Every structure is written in structure tokens, then in C-alpha cells.
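One letter stands for each residue in the lines below.
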Amino acid sequence: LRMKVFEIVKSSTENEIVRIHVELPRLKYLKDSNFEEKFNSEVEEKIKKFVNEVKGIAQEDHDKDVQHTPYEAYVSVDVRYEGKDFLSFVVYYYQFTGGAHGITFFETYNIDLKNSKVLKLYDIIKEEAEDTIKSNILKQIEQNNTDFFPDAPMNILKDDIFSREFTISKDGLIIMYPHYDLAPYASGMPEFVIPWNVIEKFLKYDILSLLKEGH
Amino acid sequence: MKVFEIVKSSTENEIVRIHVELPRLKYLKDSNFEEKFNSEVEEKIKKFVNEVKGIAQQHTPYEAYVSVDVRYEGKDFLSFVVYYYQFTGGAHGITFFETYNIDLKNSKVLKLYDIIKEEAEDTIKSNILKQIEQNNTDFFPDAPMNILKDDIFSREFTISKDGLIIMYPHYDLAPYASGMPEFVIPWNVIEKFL
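Here the protein sequences line up with chains A and B, keeping their order. Using the entry's author numbering, you'd call the opening residue of the first sequence number 36 and step up by one each time. Using the entry's author numbering, the letters of the second sequence map in sequence onto residues 38 to 94, 102 to 238.
FYI, nobody ran anything at the bench for these hints, they're computed from the structure. Mixed in with the good hints, there may be bad ones.
Unchecked claim - Derived CB-CB ranges, DEER-like:
(1) B:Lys152 <-> A:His103: 43 to 49 Å
(2) B:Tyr116 <-> A:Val44: 35 to 41 Å
(3) B:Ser198 <-> A:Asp98: 45 to 51 Å
(4) A:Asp241 <-> B:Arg199: 47 to 53 Å
(5) B:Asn75 <-> A:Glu95: 26 to 32 Å
(6) B:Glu79 <-> A:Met189: 38 to 44 Å
(7) B:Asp113 <-> A:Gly134: 26 to 32 Å
(8) B:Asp113 <-> A:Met38: 51 to 57 Å
(9) B:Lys152 <-> A:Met38: 40 to 46 Å
(10) A:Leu243 <-> B:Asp147: 32 to 38 Å
(11) A:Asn190 <-> B:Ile92: 50 to 56 Å
(12) B:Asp113 <-> A:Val153: 29 to 35 Å
(13) B:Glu79 <-> A:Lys193: 35 to 41 Å
Said to hold, decoys possible - Cut-off 25 Å, straight-line C-alpha distance, at most; resulting in silico cross-link-like pairs (DSS-like, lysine-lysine):
(14) B:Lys119 <-> A:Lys83
(15) B:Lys45 <-> A:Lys99
(16) A:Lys63 <-> A:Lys73
Each residue gets a CB set at the ideal place from its N, CA and C atoms; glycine is no exception.
If we strip away everything but chain A, and leave its shape as in the complex, we get:
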């Protein structure tokens, strides 16, 4: 198979107060090595920080003898798209410092590997694409509203789509939300797919970094 520019380094640790599991995302063999370093350490910096925070919190709660069970931090990587000229993946920061369940927050990375650049949604589509996207999501919520909070629609209208976490796939754009914003924790983390052709009209940047073959 072809040389791969992305890898995940796994590693865990444990003791009687905390369980640490880490999936470190790393770019390698990039045409631009300075880009690869700043990216790799930047994301590595955030992981160590998240992890040392969930540790110091397990330490204190235990020190103040109020920990009832072992706490845990679980950072996992989920690749949505792995192509030659593009990479899209999520980093999930899970934590359980008590309670019936833990808290999960995440970050998305949409990397144009051709030009070595991290893209945000407003880099790919024009602002005027917003109404189209919200309308889509709203239809998508009403299709099975029984799964969302009745005020979900209202938040999508309030929401700044252009600052929302998202991933990319050859099939389309995937807008992602956390728990509690649009639905109960039981519903899970809402992701809304948006076919490319439905927003093709508002592109400012390529759809060809996605096609692995021009033939």
C-alpha cells in the first residue's frame, strides 16, 4: 500500500485513583516539516494538559478523601477522511471525575495536506451558505424531532454554524455538536450530514483535494 502521513500513538497508565488512556494524533512524512512539527506538538500540548488536569483533580479529590471511585481520562482519535491531499479527524476528550456519567468535549481537524493548512468552515464556504445549512439541519431535526429537545430548532437558528466543529468526507460535510446542546445525553452526540452538491454553490476552496483519482 501507499506511504501513510498520519499515525496514532496509543498509551495508557493506571493506579488506584486514575485511569489514563491516550491516542496521540501525529502527522509524518509531510512535504512541509515545520508544519508537521507545530501541528504535532500543539495537539500534543493540549492532550498533556487535559490529562494533567484530570489527574490533579483525582489527586485533590482523593487527598481530601472524597473520591468514591477511580477517575478516568480517555482521549481518542476518530479519522473521518484519510486521503492523499486531505485529512479530517476528531479528537475526543472524555472524562469521568464522578457522577453517573462523564463529560465529553471534542475538536475537529480539517487539514489540506497539499498546501499544508488547517481549515475552518469559513475557509471552505461563503457566509451566505449558512441559511441553506441551517434549513437542512432543521428539516433533519423535524424528520425525527422525537430525538431532539423541542427547542433544538431554535438553537440551530441561533447557532453560528461557521464556528461549529465539523469533519469532511468525500460524500459531504459533517456538522457536529456535543451532548445537551440539541438533545439529551442519552441521544448521543448529534452529527448532521450535508451533501456537497447542496452547498457546492458556495465553495471558496477545493473539492478536488478529495478526489484521489483524476483517472
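Model the placement of chain B on the given structure of chain A, informed by the hints.
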């Protein structure tokens, strides 16, 4: 995920004692904003510290205590006070403070005029007056009169749940012992002039 941190440090000898709580933005896409903002606030906290030192350099040990007070941290927006307490044995501690309200999303440091319309002034003054009324004993008698003639848009302020917090220094509205007056003008009552 944190985007702000407060680095705490101190140094103490026989002439002066120092405590510095330094605010710092971190992990912002806006690289330039992140360092321009951190170098500036640091430079002031540095200027402030040296002055107190140059002076110290003596009937007692002088001081300098810089502390950061976060009122709202939520990424996309941050609001906090930077308190500059000093002292040269004046039987009392002199304190002046600076507030910071940042649109982390649009990387802009906000001033009051850059938020609400001047039409909220009276509603805000009313609210504040209604509050001084309920504690009049902490405030000077002529205080309500100063609230009436005050220029709210040129006042230090912070944000938090509940709403806008207009802040005053010592003596302006009450004797030192009352502390530095604050007034939380609930959001509901002013989101119209937003």
C-alpha cells in the same frame, strides 16, 4: 478546553514583598492577538512592580500584589479584573484595577460603548440606585447623586451570568471599609439596548 491561564508567582526580601498573578491566553488560532495581548498586560504588571520596587529601594516592608479575577470564562468570550494593590505604609492599601472583556471569537477587546447602546444608561443608573438604596449604610450619602451624574460608559465593568457588572474604586461611592462597589445589572433588564 482552557484557553486562559493565570501564572502565579512571588518574590520577597526585607524591603519589598511581591505577588504577581499574570493572565495569559493560550491555544488561540489568532496567533498575533494571543501574544500582543499577553505581552501588553504583562508589561503593565511589570511597570507596576518596578515602580513599587524603585520606591522601596523604609519604615516597614513595602508591597505589590497583582491578582486576576475571572468573572466569565467560556471560550468565544472572557471577562476578568486585574487588581493592582500597592503600599508604602500609608496606613492603608491603595488599589486601582483594570477590566478586560474579550470577544475571543472575533479577537476584539470590548469597551462598554462597543456593547450596549447609550440608551441603557438610565435603566442602568436606576438599577444601581435601587441597589444603593438597599444598603445605603455602606454608601456615602452623596453617592446616589454621583450615580446620577456619572458617565457609565467610561467605567470599568465585567460580564458574568446574571449580567453586566459596573465597578467602582474606593472612596468614589463609599468609605474605604465598604470595599470597591459593584453592581450586577441583570441581563433581562438591558438586553434591549444590546
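Is the distance from the Cβ of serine 198 (chain B) to the Cβ of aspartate 98 (chain A) consistent with 45 to 51 Å? Given a distance of about 46 Å, which is inside 45 to 51 Å, the answer is holds.
That 26 to 32 Å hint for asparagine 75 (chain B) and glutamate 95 (chain A) (C-beta), does it hold up? Hint holds: Cβ distance 28 Å, inside 26 to 32 Å.
Taking the Cβ atom of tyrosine 116 (chain B) and the Cβ atom of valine 44 (chain A), is their distance within the range 35 to 41 Å? holds (36 Å)
Check the following: the C-beta atoms of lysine 152 (chain B) and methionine 38 (chain A) are separated by a distance inside 40 to 46 Å. holds (44 Å)
Can the suggested window of 50 to 56 Å be confirmed for the beta-carbon pair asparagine 190 (chain A) and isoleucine 92 (chain B)? Hint holds: Cβ distance 54 Å, inside 50 to 56 Å.
Given the hinted pair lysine 119 (chain B) and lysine 83 (chain A), is their alpha-carbon gap at most 25 Å? Holds, because 19 Å separates the two Cα atoms, which is no more than 25 Å.
Does the Cβ distance between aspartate 113 (chain B) and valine 153 (chain A) fall inside 29 to 35 Å? Holds: the Cβ-Cβ distance is about 34 Å, inside 29 to 35 Å.
Honestly, do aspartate 113 (chain B) and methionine 38 (chain A) meet the 51 to 57 Å range at C-beta? holds (52 Å)
So the hint says 26 to 32 Å: do the beta-carbon atoms of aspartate 113 (chain B) and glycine 134 (chain A) match that? Holds, at about 28 Å.
When you check the alpha-carbon spacing of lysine 45 (chain B) and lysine 99 (chain A), does it fall within 25 Å? Since the Cα atoms of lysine 45 (chain B) and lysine 99 (chain A) sit roughly 23 Å apart, the hinted pair holds (cutoff 25 Å).
Using the beta carbons of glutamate 79 (chain B) and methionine 189 (chain A), state whether their distance is inside 38 to 44 Å or not. holds (42 Å)
At the C-beta level, are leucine 243 (chain A) and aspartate 147 (chain B) separated by a distance inside 32 to 38 Å? holds (35 Å)
Checked against the numbered hints listed earlier, the structure breaks none of them; every hint is satisfied.
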